[PDB]
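The data below hold one chain only, encoded as structure tokens and taken in the form deposited without the partner chain.
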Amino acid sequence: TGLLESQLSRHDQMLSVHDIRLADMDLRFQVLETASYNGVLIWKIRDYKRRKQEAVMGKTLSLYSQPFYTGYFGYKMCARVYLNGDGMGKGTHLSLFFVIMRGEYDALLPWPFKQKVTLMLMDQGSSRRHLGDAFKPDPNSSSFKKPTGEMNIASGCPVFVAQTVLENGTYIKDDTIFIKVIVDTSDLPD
């Protein structure tokens, strides 16, 4: 019964580990199924009301997109949103940022990152009047240095869109917003 209990304990712990690995693979699948390799990210954010509230309460201040890429072995990048705003936009705006991540082929890519970036909030209405802004990465920013940790300092627009505009327009629909990031890729090796 000592032995019987030992083995039952061993199995319970292994069954716990297997539940963890299975849950981590569900997340890995989701990342793969939403990957893109042409330098264009479409990010679908569901449960806006609940999530916007979790940023006001200070539970979850910001959200990250899945990674996306300039090519199959290009820059690894992603986007960061603050539904209740950050910096000069905290509490008054939606804040949107661009993030360089450490990719496996960084030793083969030009540094600093110099590709043109377009941030966008998609209009789900018939006008299709998308909000957007672009910039050319400043080469002196540590935002575009060759990554040394998992991600570089985010860079973008603290006052992208005022919350009042975003909530009274047609950007929100079925409690969902879409963010689009377009990285120009037409001056790099394919």
Second form
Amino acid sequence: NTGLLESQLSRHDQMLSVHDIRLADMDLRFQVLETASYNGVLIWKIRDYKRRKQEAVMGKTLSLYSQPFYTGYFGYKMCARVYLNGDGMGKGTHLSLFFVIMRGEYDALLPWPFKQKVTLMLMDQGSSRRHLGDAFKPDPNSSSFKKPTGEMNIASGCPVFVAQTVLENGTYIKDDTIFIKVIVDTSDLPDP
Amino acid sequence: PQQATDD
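Could the form solved in complex with the partner chain be given as well, to go with the form deposited without the partner chain?
Every component of the complex follows; first up is the chain already shown.
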């Protein structure tokens, strides 16, 4: 019958669809890898600041995540979260920057809770290089630094990192893009 | 170290 030809076409179309997602996913997966780091330092590049800022305001997209980064080849898996329009006490007024601990595939061998010092910062692209940053020492009793249970733990950082004005007036933005850098202390910890 | 709203 022709119902056979059409069924076969349908089968193919269905699979071609799947293949497309599989492909798209891998493009994403490539990207993540190509930008991975294993020395506990993250350099997160955020293009389209205007549009993304606007989507934060419009409530379309409140926050953004960096690709994951590591303290070592088989160490903690972490990342960053930013709210272009602020969160909490900085909401609407500042840019909030947080640190996140993700469920690593080797947590069973890592020390908990997380105790490595974290240094959050936004880079200045102007030639005077007056970067903005602040560091902290994980709070042992905080549920953000315990052995992950779900994919990610509660983000912990600075809700009032930078005043949105300061950000948008200084030389931090250039070519509609900003750079965020995280520095996790690794030296102080028995390495593999 | 301050935490983010639940979301």
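Numbering follows the first chain given and starts at 1. Between two forms, the rigid core is defined as the largest C-alpha subset superposing within 1.5 Å. Shifts are known only where both forms have a C-alpha.
Core-superposed comparison between the two forms places the only run of three or more consecutive residues whose CA atoms all shift by 2 angstroms or more at 188-190.
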